[PDB]
Amino acid sequence: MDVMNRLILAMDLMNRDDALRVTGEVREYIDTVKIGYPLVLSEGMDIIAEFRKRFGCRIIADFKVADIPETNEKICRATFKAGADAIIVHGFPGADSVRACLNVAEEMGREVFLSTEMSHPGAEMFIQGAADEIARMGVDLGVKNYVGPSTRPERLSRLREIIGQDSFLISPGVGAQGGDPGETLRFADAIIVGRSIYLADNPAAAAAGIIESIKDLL
Amino acid sequence: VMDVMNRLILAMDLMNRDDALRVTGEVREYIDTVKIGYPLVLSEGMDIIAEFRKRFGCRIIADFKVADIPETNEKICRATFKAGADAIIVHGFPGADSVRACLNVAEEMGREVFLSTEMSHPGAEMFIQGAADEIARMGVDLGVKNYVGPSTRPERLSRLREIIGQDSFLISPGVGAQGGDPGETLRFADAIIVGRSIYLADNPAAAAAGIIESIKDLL
Ligand SMILES: O=c1cc(O)n([C@@H]2O[C@H](COP(=O)(O)O)[C@@H](O)[C@H]2O)c(=O)[nH]1
Ligand SMILES: O=c1cc(O)n([C@@H]2O[C@H](COP(=O)(O)O)[C@@H](O)[C@H]2O)c(=O)[nH]1
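Protein chains in written order, with the UniProt record's numbering: chain A, 9 to 226; chain B, 8 to 226.
Simulated from the structure, these hints should not be mistaken for lab results.
Where a beta carbon is used, it is the ideal one built from N, C-alpha and C, also for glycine.
It cannot be assumed that every hint is accurate.
One-sided excerpt, in silico: chain B residues whose CB lies under 7 Å from chain A [what the hints assert, rightly or not]:
no.: 1; residue: 45
no.: 2; residue: 46
no.: 3; residue: 49
no.: 4; residue: 52
no.: 5; residue: 98
no.: 6; residue: 134
no.: 7; residue: 169
no.: 8; residue: 170
no.: 9; residue: 172
no.: 10; residue: 173
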């Protein structure tokens, strides 16, 4: 997956007008948008097609899929029907649940991203201790796309070691949560950035600033 | 605690509005509590909650397995309660801050959180099972009152009931299609969740009635 400027916008505004306007403002800097439940549950699944119509961007549906296999399959089908290019899936519920998502993604020509370790403090309680094993499970299952934490570059580095250089790794927690763009890109192929861009006084200048700071890495 | 008619919650995971409405209407005399998840919501919109409220006298539990960072969890809970859900189901494995974010919104908005403890499917044995007792204890520490645990592992459901105490509310999926027994599950759970055994039946009303007949002495 070829992400422009190694920068994925996390579009978590919850109003259609603002989400479309802000995405429009930074469109020259990105070609990949992560859309999650804050926007989808506020404005409907039709928002995905709208983004494709307006921007042509790729859409990663960050739905943290985390149910039993049968339900996971349904969630993935509905999500890809809406035009998402990829979906993010939790590993903590185990291999059968991940495989259910992989099957639908294969059927519809899409990609699954596996959540390994999350970026927030609570991730230390249960997720962190399972994360290396989740990553190895991904490798065993043939998962090629992974998500890991900007806020813990030592953990992000370990996760990169496990999955290898051929796998694709994206990383949230940059900016608002304290992660550094350049340091994160030592290990991740692309950074995910939400609030530092979409809550900025000038989102275009914020995006430009981030890109300037990583210019040598592009 | 919510007063669940016949101790039976319908898991309405049909993805077509017409079928979902038809089946729910057919079983309405037996069930006043419906669990609506992402299969239906992502197919038909959050307005499906509004439509169920309009058509049926049913409480709505939004089974959204909320499993993000605290900031995103808050946004998901707010959107879900705004749409009219009485309660939302949240994962515990992302940790206490993520659960607390949901509890805070629920408190502010006058609604309820249900905490997933151990899940019912085989994959739950890999990571969730080993964390589940601690997830339940965490819920107790955080003041969580409502919990979800697995019909498919009676011994685990029993232990989770002990952890949360008799005063907590416990609902349990995995009955029917996944192999769990209604009566055995109700030894520990306040209510059972049933999906496919009802909604894929030739006569969903007869299927619901049959389940209820089998647990009649437990009502
Ligand atoms: O470990 C993770 C996984 C995520 O998907 N995310 C998501 O990435 C985005 C981070 O946005 P922000 O840059 O505003 O912190 C949010 O949409 C969040 O749900 C995260 O923050 N940490
Ligand atoms: O551990 C769990 C937790 C659940 O919410 N569920 C949910 O409960 C329902 C079970 O439906 P069914 O009776 O068709 O197996 C589904 O909506 C599933 O997503 C589950 O099966 N196991």
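Hint check results:
1. 45: Cβ of residue 45(B) sits 5 Å from chain A, so the hint holds.
2. 46: Holds - the Cβ of residue 46(B) comes within 7 Å of chain A, reaching about 4 Å at its closest.
3. 49: holds (4 Å)
4. 52: This hint holds: residue 52(B) lies near chain A, its Cβ roughly 5 Å from the closest one there, short of 7 Å.
5. 98: holds (6 Å)
6. 134: holds (5 Å)
7. 169: violated (21 Å)
8. 170: At about 16 Å, which exceeds the 7 Å cut-off, the nearest Cβ of chain A leaves the hint on residue 170(B) violated.
9. 172: violated (22 Å)
10. 173: Violated - the Cβ of residue 173(B) stays beyond 7 Å from chain A, reaching only about 26 Å at its closest.
Violated hints, listed in ascending order, are 7, 8, 9, 10; each of the other numbered hints is respected by the structure.
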